[PDB]
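Presented below, as structure tokens, is a lone chain in the form deposited in one PDB entry.
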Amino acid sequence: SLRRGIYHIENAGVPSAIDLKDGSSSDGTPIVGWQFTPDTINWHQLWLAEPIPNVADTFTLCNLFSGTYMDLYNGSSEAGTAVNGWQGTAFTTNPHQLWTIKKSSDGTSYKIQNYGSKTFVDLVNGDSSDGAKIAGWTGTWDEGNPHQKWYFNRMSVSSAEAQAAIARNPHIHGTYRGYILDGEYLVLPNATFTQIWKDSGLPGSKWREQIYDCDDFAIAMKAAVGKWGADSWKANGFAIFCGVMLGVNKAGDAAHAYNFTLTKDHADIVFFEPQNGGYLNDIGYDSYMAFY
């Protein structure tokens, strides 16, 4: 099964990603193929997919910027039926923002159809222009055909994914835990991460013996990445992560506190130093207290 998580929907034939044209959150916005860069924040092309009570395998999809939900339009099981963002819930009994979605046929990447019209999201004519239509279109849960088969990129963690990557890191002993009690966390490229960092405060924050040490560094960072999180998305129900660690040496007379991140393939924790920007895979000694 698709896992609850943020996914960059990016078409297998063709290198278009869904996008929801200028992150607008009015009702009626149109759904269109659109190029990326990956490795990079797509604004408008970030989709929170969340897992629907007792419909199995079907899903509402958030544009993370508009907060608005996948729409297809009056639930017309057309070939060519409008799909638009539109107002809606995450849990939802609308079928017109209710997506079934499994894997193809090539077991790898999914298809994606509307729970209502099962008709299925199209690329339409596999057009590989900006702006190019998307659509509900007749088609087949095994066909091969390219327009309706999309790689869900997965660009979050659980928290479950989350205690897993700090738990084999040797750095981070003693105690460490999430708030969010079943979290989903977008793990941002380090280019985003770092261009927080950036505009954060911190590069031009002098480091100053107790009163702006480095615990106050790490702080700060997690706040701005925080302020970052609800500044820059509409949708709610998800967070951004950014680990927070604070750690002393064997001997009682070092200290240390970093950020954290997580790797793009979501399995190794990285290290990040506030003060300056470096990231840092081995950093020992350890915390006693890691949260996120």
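Take the two forms, superpose them, and find the largest set of C-alpha atoms that agree within 1.5 Å; that set is the rigid core. Numbering follows the first chain given and starts at 1. Compared with the form deposited in another entry:
For the residue set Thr175, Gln210, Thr93, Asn125, core-aligned C-alpha shifts between these two forms reach 2 angstroms or more at a single site, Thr175. With the core held fixed, the Cα of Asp231 is displaced between these two forms by less than 2 Å. Once both forms are fitted on their core, a CA shift of 2 Å or more is seen for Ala251 between these two forms.
Core-superposed comparison between these two forms: the C-alpha position of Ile283 differs by no less than 2 Å.
I would like to compare: after the form deposited in one PDB entry, may I see the structure of the form deposited in another entry?
Shown below: the chain alone.
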């Protein structure tokens, strides 16, 4: 089953992502194949999958940037029918915007079937061109046709996945308590995490006893990622992953505040020092408190 999340949806046949052209919020904005760069924010190519309760394996697909929904034009079962961005809502009954997503015959890629037409999201002719038409097209759940097969490359973690990542870390103090703020988190590439840090002005901040010390840097960095989240994305129903941790050294005589993020595989945490922008597998403190 596809879990609730943010996915980069990549064609199984050619290296083309599902892309809402120019990220435009206009109704009828064409959704097309476009090339992508790994370990970046592919700004027009992220999709919030929202499960519809009481309809098995069916979702809305919301462009994280535009806040508009993958829409099969007039819900036509005709092959070649336009797939566009269109205004809607996460739990809409509009079947132009409802998508049954289940594993392809290869067991790793998915097919995307319009709930109303029962036709499939097709990268027309397997065209690897930037701006290649994606359409609703006749097909079957079992065939190998790669025009209609899509890797759902997962870009978010549930809170529960975040917890699992922290609990797998060997620098957690015996007294650790974690405070969970949200349910679903876009995981940032370090390159993006670092850019948000630079854009916060924190690289310019100086350490000052109590008035601007490690707790002030850690919380400024979490607030800056929360600000960036609301200012960058028009979709709702997710947060941006950026943790705060208070830690203690081995001697038990020094406390420090810092940030953490997750690895590309989402399986482990990495510590971030907001006073120099370093990433570390070991920051020299054992976390006794985190919030994220």
